[PDB]
Structures are given as structure tokens and as C-alpha cells.
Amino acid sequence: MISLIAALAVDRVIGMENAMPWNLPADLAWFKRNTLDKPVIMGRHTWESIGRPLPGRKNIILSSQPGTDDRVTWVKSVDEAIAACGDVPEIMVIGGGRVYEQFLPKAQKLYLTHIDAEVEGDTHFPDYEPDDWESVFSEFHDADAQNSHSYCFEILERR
């Protein structure tokens, strides 16, 4: 099954021209917890943003352009990306916008981090129909000594 994992600010903003203006180690911990030991599929821009391969995961980069790093797997189609995953119970799609749009239709679950941040965004998470998804987990947290904004973790399963 395919799952999408994303951090969304108000109005579904997922990316800006520069790094997102928040400091949320709790979100990174949640992301690591939910992606460890699974293949992760990402676009080139996300890859460049991370800076290195994510440890303990099979890193798959979906891009039309050619591969710049030998430590990860470079693919050119959604179909090739899927095949590269092998026989695994769950494949995680980590962004960005375009990638999420291409995988949404095939996704059965969403792991979402809603962040109370108002920002002008460049890219947005695709519009989902809340009537088509069932929230099976939610947990709210306020900003604290280490997290700059309040956020809420949510997991949704396709109805």
C-alpha cells in the first residue's frame, strides 16, 4: 500500500521558496518513526533539501533529470518508483507537491502534521475530500521549549 506523509501549514501550504519558518523537532521525530525501515519516495527538490540520504531507509528519487548521487536510487516514472520498492507492505511518499499529486490517487493512508503557521506558500498539498478519508488518530500539542508552533498529528485511512 502507498501512504503519503506531509507537514501542512494553514491552507495546506507544504513548501516556500526557502526553508520553512518553523523549528519542529517533534515533527521530525514523528516523520522518522513513521518512515524508518520503509522505502521513501521523493522528488528532486525534496532530495536537495534534505541534503543526504535518510538513514535506515531505501531512498528513491523520482526525477526526469539524471542522477547526481550513488547512494540513492534514481527513477523516472511512478511505475519505476513503485517497482523499485519491491515487496514491502508500505511505501512512503515524502513530497513535494508534484509527487504527492501523482501518488494521491493510489494512496490508502495519510500521515499528516497540521501546523498552526500562516505563511504564503509556493506549493500546497493536494486538495483531499474529507468525506473520502477517516481520521483514525489525532494528537494535539502546543509550541514548547523546542517546537516553535503548535501542531497536530493525524493519520487518515481511505474510506
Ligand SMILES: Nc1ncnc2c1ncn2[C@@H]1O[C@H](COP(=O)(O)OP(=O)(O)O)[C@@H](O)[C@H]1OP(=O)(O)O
Contents of the next structure:
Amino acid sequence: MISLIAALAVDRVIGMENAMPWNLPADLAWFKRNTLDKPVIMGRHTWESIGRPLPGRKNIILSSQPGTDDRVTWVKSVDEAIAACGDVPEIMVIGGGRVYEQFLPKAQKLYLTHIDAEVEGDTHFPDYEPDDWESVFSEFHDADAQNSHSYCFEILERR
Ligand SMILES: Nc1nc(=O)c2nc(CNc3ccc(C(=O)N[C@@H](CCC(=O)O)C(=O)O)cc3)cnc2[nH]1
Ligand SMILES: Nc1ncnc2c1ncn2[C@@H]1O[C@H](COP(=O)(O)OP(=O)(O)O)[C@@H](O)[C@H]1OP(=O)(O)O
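Please could you give me the other form, the form solved in complex with the named molecule, since above is the form deposited without the named molecule?
Full complex below, order starting with the chain above.
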């Protein structure tokens, strides 16, 4: 099964030109916990912003162009990406906007982090109808000395 994982502010904003104005180490501990030892699919843009291959994960990058990094796998379409994952119990899709949009319709589960922040952004997570998903897990956290804003982790299963 395919799952999507993303952090979103109000308005489904997931990214902007510059770094986001927040610091959420807890969210990043969650992301890692949920993606480790699984293959992750991402768009060329997300990859550049990450910078290096995520450790302990099979990295598959989607690009219309030839790959410029032999440490990861480059594919040219959605179908190839899926096949590059092989026979695994769960494929994690990490972004960005374009990529989430293409995989949404094919995903069975969403691992979302709702951040209580209002920011200007230019990339949104795709609109989803809640009634189509069952919240199987949900846990709110207040901001703290380490996390600049409050947030809530939620796991959704496609009904
Ligand atoms: N929940 C969630 N949070 C995010 O920040 C997010 N980011 C992406 C794409 N951008 C990124 C950027 C950096 C790292 C990153 O450095 N990850 C290290 C974290 C080390 C730590 O725990 O700080 C990792 O190994 O996963 C991951 C994804 C995709 N889904 C998301 N989903
Ligand atoms: N179906 C697809 N086939 C090939 N490349 C694709 C793709 N969907 C997305 N991409 C790539 O993934 C990049 C988009 O990355 P992203 O989804 O991380 O970015 P954004 O968050 O800005 O929408 C696309 O620009 C394209 O890479 P190239 O610009 O190198 O062509």
C-alpha cells in the first residue's frame, strides 16, 4: 500500500520559496519514525531541498531529466517509481505538491501533521474530503521550548 506523509499549516500550505518560519523537531522525529526502512518517493524539488539521501531508506526521485546523483534512484514516471519500490509492505510518498497530487488518488493511508500556523505559501497539500477517510490515530501537542507552534499528528485510512 501507498501512503503519503506531510506537514501542513492552515490552508494546506506545505511549502514556500524560503525556509518555513517554524521549528518542529518533534515533527521531524515523527517523520523519521514513520519512514524508516521503507522506500520513499519524492519529487526533484523536494530532493534538492533535502540535500542528501535520507539514511536507512530507499530514496526514489522522480525527474523528467537524467539523474545527477548515483546514491539514489531516479525514475521518469509514476509507474516507474512504484515499480522501483519492489514488493514492500508500505511505500512512503514524501512530497512535494506535484507529487502528492499524483499519488493521493492511489493512497490508502495519510500521515499528516497539522500545524497551527498561518503562512503565505505557494504549494498546498491536495484537498481531501475527510468523510472519505477514517482518523485512526490523532494526538495533539502544544508548542514548547523546542517546538515553536502547536501541532497535531493524525493518521487517516481510506474508507
Ligand atoms: N511530517 C512531515 N514533516 C516534514 O517536515 C516533512 N518534510 C518532507 C520533505 N522535506 C524533508 C526535509 C528534511 C528532512 C530531514 O532532515 N529528515 C531527517 C530528520 C533528522 C531529524 O530527526 O531531524 C530524517 O532522517 O528523516 C526530511 C524531509 C516530507 N514530509 C514531511 N512530513
Ligand atoms: N510524473 C512525473 N514524471 C517526472 N518527473 C516528475 C513527475 N512529477 C513530478 N516530477 C518531478 O518532480 C519535480 C517536482 O518536485 P516536487 O513535487 O518536489 O515539487 P513541488 O513541491 O514544488 O511541487 C518536478 O519538477 C519534476 O522534476 P523535473 O523538474 O526534474 O522534471
